[PDB]
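Shown below, as structure tokens, is a lone chain in the form deposited in one PDB entry; questions about how it binds or moves come after it.
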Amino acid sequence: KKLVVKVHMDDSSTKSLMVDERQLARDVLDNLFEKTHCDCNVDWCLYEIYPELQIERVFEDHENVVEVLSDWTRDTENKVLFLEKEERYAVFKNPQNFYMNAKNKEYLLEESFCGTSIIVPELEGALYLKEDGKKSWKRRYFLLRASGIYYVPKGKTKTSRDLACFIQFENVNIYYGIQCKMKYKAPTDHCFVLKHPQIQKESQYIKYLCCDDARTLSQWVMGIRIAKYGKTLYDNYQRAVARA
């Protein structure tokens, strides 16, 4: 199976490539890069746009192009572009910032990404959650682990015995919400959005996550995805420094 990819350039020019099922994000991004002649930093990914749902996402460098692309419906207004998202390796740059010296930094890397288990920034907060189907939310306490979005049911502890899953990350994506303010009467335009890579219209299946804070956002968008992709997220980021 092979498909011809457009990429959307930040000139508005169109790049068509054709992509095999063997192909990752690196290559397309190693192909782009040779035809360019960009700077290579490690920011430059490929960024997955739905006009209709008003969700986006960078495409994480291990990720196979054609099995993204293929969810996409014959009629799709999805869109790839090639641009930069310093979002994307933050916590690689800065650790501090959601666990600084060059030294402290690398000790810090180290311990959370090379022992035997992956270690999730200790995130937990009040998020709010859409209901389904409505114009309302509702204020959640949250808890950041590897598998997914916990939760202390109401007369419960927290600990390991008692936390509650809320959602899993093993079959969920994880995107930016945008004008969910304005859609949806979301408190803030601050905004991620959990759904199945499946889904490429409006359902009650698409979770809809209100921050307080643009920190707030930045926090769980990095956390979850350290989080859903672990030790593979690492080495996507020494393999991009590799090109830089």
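Positions refer to the first chain, counted from 1. Rigid core: the largest C-alpha set superposing within 1.5 Å between the two forms. First, how it differs from the form deposited in another entry.
- Superposing the rigid core between these two forms leaves a single residue from 163, 114, 119, 126 with a C-alpha shift of at least 2 Å: 163.
- In a rigid-core overlay of the protein, residue 154 has its C-alpha displaced by at least 2 Å between these two forms.
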Second form
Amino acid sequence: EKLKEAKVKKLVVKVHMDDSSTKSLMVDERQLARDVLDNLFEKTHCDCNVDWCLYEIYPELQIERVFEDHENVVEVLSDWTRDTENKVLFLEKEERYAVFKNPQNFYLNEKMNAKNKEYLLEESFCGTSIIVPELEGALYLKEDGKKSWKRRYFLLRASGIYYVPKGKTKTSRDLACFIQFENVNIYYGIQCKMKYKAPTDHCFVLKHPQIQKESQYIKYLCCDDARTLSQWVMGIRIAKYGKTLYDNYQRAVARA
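Now that we've seen the form deposited in one PDB entry, could you pull up the form deposited in another entry?
Nothing else is written out below except the one chain.
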């Protein structure tokens, strides 16, 4: 009905570098992380390897995550409060495309060379639907609004995280949905052992992007070890982003 005589929105984004220096970029509302990364590659003449990424820190909630390359940056940043301590960092995070470098570490003509790694990825990502890693095991889930944690068995599925309720079978029928991936972003939890008395500091966090302070809707999961955390974080990102993640990886290689 109406005409769009509006101006394309432009945001000054302060990107923090690993040496503590900053670069102020003009980021318009159409620009993906991919584009801000391309810009930073040109402005820094770095080596352009696939581990370079935008990373958001949440100093209050003590959580951090990688931006995926297809994410709209203005869209992400417009969730932050006026008085926010949150920072966008430009750094290397080699775990971001770990499944793509080493698919055998997540899915479990014989030697696992580049070619067989490629076959595995194509089967897993390039088919009609994505094959999510066969992932299941126990995790510690923080109780809502308590400094206490419950062990429960969880299972990774293409759409979400499932679990067996306390006193139910391991079979298909007994499973209930804990969380859906449409709703949440996945993050690293930092110092949850200290702040929330977590059994370990291998912690991941599940949170709607919009949430900016302490709430029960923020879910805290604690893993037995680093390898477990890695599995869950990689696996969830695969389930959430699917083929887009593969596309992101390929796109990154093209720049290296």
